[PDB]
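Asker: Each chain, written out:
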Amino acid sequence: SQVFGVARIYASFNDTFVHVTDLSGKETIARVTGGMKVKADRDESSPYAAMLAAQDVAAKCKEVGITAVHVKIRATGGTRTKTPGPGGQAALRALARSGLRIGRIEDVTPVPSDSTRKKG
Amino acid sequence: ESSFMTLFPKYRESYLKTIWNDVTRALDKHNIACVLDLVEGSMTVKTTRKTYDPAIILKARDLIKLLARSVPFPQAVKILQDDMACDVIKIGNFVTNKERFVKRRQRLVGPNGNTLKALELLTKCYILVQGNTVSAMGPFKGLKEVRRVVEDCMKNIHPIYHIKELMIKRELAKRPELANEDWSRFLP
Amino acid sequence: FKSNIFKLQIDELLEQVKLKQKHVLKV
Amino acid sequence: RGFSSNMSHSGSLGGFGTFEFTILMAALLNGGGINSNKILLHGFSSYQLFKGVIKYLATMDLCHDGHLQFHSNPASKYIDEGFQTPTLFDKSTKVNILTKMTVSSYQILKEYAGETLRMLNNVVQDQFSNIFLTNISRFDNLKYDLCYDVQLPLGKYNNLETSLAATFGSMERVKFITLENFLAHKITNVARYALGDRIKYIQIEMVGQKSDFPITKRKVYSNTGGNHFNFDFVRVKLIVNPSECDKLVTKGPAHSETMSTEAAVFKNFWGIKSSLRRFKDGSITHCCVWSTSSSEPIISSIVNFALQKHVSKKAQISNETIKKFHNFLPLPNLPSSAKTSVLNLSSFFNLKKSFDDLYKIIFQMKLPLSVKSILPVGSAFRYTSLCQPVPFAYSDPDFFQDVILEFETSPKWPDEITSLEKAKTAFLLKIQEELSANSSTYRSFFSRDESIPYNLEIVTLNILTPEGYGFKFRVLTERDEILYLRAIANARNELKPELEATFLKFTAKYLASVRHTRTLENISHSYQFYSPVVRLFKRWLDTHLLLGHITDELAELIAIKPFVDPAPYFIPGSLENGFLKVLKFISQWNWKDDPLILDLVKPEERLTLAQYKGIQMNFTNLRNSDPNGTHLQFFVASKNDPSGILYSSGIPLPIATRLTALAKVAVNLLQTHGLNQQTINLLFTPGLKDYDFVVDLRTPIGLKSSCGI
Amino acid sequence: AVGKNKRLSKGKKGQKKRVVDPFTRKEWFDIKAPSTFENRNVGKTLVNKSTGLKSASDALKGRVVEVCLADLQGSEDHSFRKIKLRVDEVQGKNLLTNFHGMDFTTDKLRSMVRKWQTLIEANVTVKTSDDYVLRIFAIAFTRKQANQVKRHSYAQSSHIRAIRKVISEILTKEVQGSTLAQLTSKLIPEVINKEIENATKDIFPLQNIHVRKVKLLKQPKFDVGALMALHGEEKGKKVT
Amino acid sequence: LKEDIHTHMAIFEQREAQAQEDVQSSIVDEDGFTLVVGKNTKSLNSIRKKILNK
RNA sequence: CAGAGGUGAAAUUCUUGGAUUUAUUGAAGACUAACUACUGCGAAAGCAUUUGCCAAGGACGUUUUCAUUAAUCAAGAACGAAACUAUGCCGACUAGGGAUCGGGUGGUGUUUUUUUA
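Chains as they are written, first to last, in the deposited numbering: chain H, 11 to 130; chain L, 38 to 225; chain F, 98 to 124; chain G, 373 to 445, 453 to 983, 1010 to 1114; chain B, 2 to 233, 238 to 245; chain A, 180 to 233.
Watch out, some of these pointers could steer you wrong.
Okay, the calculated beta carbon distance ranges per label pair [what the hints assert, rightly or not]:
#1 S56(B) / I107(F): 51 to 61 Å
#2 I107(F) / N1026(G): 25 to 35 Å
#3 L105(F) / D828(G): 51 to 61 Å
Hints are computed from structural coordinates only; laboratory data are not their basis.
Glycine residues also receive a C-beta, built at the ideal position from the N, C-alpha and C atoms.
Let's have the full structure, built from the sequences with the hints guiding it.
Answerer: Below is the structure:
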């Protein structure tokens, strides 16, 4: 019935990557960005920008045949911050409004086991 | 039907038993079921079959996380709001000397909490300094500023320097004649 | 070890297969 | 091995013997490096020289990749261009040595070089007599895996043009001077291009080749074989790849706009049998589809078609030996059983599917002790059942396949063996109640197990699942080994060996059986032909009336010995070759001196030096305690069982000597008489002699349909 | 950054043309989980083309999928696990996947970890009967009894080392007894958790006992016969 | 089967409970000697059997 | 497939030889998060993944043994970018109270389990 693909939503404090892949994780279907949807460079991380990005990705997804999504949301991780972005919340909400069946939500941000700093 | 849970200790168990009617009031105004289990010590947010906001189930997860890590309830529902985020900053893995680490985080709090309170007032966040970490709750610009200030203070920059810089930047952005100049001629 | 066992075994096969000087002189 | 220095291009085997070996080892003493290094030295012993020369013939190609060059009267050099012929060349005399060797002879020499290099690098066992003291070339059905008798009623030298489909003209005489050479090379190329990948190697023997004629004759004059030529018939022998032994379609090249040269030879090679089929994914390639049959293989079908097309219209094709073998294997009473191949496992997998449905149900039932494991341990679960499992066929003795049902660990077991078995019976009673209350389509009842002596309360659960299958659940816990060791401790010095036999029966039923099952299923998947070989061997033992006193796991071990260790023969690629290899081994086995040590593995976890020597020390201790073998005859051991008694215990020395005598009588029969339908019929006739009395009995109802045949 | 104000780098000096439509040239394959599970058919996958069937077979035999056991088993009590699957065999718009690894999920690990108790990790690399090489990570969290009045229930170092000995022995015995498929059918109904709890009930009471993560290390040589046997040969339509 | 299982389990439980109490019922000898049993043992037969094994 | 990074906004930089991103791997130099304290150890500086090897140490338990062998220390010896709102009467010292870390004794039942650990 439903064709399932994943959406990797990497939502830093500066940008918002919406990136739908198929199940296998290798063949990317549609990738846009708030930075390539917004005009003002200072607003490359806004909910408006992410909403435009999710609209483009949803158009291409229903074009090729995908209908339902496992969403995986991601922060910067590592030694920097560990909180997703405004683009993350807005992209997920915009996808669900645009009408892809949101299949399964998961938080996958790389938390380091033992981080890399100097203990001065 | 996505779920999330987190665990608490018992002093929070008494407080949460007092406030759990308002937690479920807010979450059922947002259509999110929630249970509280006192023989295990667990708070759980489940989606219903009438919910329509994946952002709100993520926000409810952060709600119960804050409530377990001991912020009050009005702060908790301010995280349930729209344009707010929580961040935890680790200050453990910076210094080796225990005396120096204690002195530096006490410097981060300040006398009478003055420097912490002025950081809160200038960044519009809510900051809590718990042992080896720091929990700050507020808008994303405030969280960026607070992560920068706390990391430099656990390095050797004084938050009094950072608070003066924040005041100067506040008045500079308040006068809108300089939307291109670098302001480093003004900063200390 | 392989040297010892294979040497003794090839000695057995060669004394088994060896011909005779009487046959050599006759032919 | 069977080679010689004779000519092989006349449809013969050899081309490599004493003279070729001497010239080759002299060249290798001269050198043989890629940059003309020396491979063999003057101070080397014969072991070192032999290991070196066989390492060279194993590693280096001399027919299709490269060639060797030397000077006799300065150094040798391998060069990297194959000349499609054996090429060791001397430029001081400008000779090629091995032109008597054909391509098939060189291929078989390569495989033998690889086998003996493996046996040289084998450090565990003693491979010496294994290499040097077993002439395998006696029986062609034991040397090669498929034999084919084809008769060629040719006629006369001028009748060639009518009696052949090829043409033996002037330049054909120039290239292939003798008619035997030309026809032999024609059969090799035709059969090789016809089979393709269904064979590892090929061999064409010309039966009736007399290389001797008197002085008063001009040449070897004869009239045998329907013509005036020096052969009786052609024996086509094939060394077969067992995995691609039964691929249904014979795939060719794809389809472009232009007819390619390869597809052109395909079309002119297959004629009517060729086609152009669109496959399931959508490829458009040429393929000639056949049909499978139980009684005869597609190799026989395709070589019949190829020889009757591109050789002559008069030749006769036969392998009634393997035809009758596939007939002697039983055929289950199922739809499409006749056209079903012999490597099909669909009945076994249907049994496994029904078992998995029942497995889920009983796993998600609710008990006071939650279930820990459920292990199928049945002969059908290891593909060694004799009759293939037919639905609702409830008269075959292997209808109820054993499963082990093991619960979690619990400290509240009883500590008294009868009450322990009664508690297991209580668990099975609750299981049966829940099944009959929840999943009523299943049926069930309760039986006993008297195979374990003095433990008389073992109750098993018979379950009939509505796809027509039966499983007797028996329960294994964490206390059985403890209670049996305690009983054998507290028993007095007279009754200790009786409880030894009791505990050994318990182990072979409950514990090592699971290890046995999983090991044999895995290595059967790696060795397909093991399941028809063990089915035929069990049939042979049952008709010779030894199965009632020899257990099925010992039958499976003694059946799988040649598949595990086929040295110095080949891996079996036919039911015929496998079963006769088993018979030859069990005939040549001297169990009074020789123990059976196996390493049940996939082809190249093996038993290393310490484990091997420890098992041999166990064997020699058993033989010091029993030199004559009045108490044990077969010392079989593997990695799952280094004991050596566990499966062959309690075996009558009359029965063991009768088995060895039957194998010896069988191999002497095949030595004196040629292998054919009457010999194999005499092999399968029961003995009924040497017995002091026989009792012939009949049942009121014939049981063939109910047994599922 | 579409707007005009940003400057002109090397960048968009000359860009190629959109004349391709790879989603017109691509291809929908279907995959098939092993017989160990219950909901076998799981989604589809895209391959670039087929004019190199070399390329189709290459990409498909390369791929590595991963799913959640909730979708693979119909069970929200198995919802917290994720299973990786490896595509080894391909035949006719139908892939035959194979078991590759296993993870817990990050929110499950954070949900388990508490404050006034002790966390135990233990891993072991072992070898199955199929000569697969495997590495198993298990964890276990201690608990107070129904009677305890001390607010923290800490293990001692000797208790932790003894429980690690027991856990390592149990995992080694279980996997070295099992094959890979039997190990999947043990990991699905979570048997080793109850086994470890019943074996370490005597030393210290533990509460959260899981097998957190399984990793494959080295496969054997490929065997299409065994794989097709685990799952459970075709003639065309004669175009002319 | 049900009747046999139930009656055998009842009589076995009675015998086992009685033997357990008899072991852990402070077996004091005639000359003032007590006997050293442990926690979780339930068979004086098994005590004699451990002594016989050693 | 055309931006990515970064900032209050920028800028330097990397990017049609595909940067950022997605997936399977491989190597390298560090580090040892959550558990993590009402703590533990070491003379101090300091010390957190597993498992061994080597030697050391405290307290406890002792109807063991040596029988004043000790304490305190000037000299000598061993070990070894920062600071920035902290500040507590002390002592040759009386009763204690809740905690907790390590050892031992007794009572007492739950959790445990039973001739094999």
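Asker: All hints are to be evaluated individually against the structure, with a verdict given for each.
Answerer: To see whether the hints hold, each was checked on the structure:
1. For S56(B) and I107(F), the Cβ-Cβ distance of about 56 Å falls inside the hinted range of 51 to 61 Å, so the restraint holds.
2. For the hinted restraint 25 to 35 Å between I107(F) and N1026(G), the CB-CB distance of approximately 31 Å keeps it satisfied.
3. Roughly 53 Å separates the CB atoms of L105(F) and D828(G), a value that falls within the hinted 51 to 61 Å.
The structure meets every hint from the earlier list without exception.
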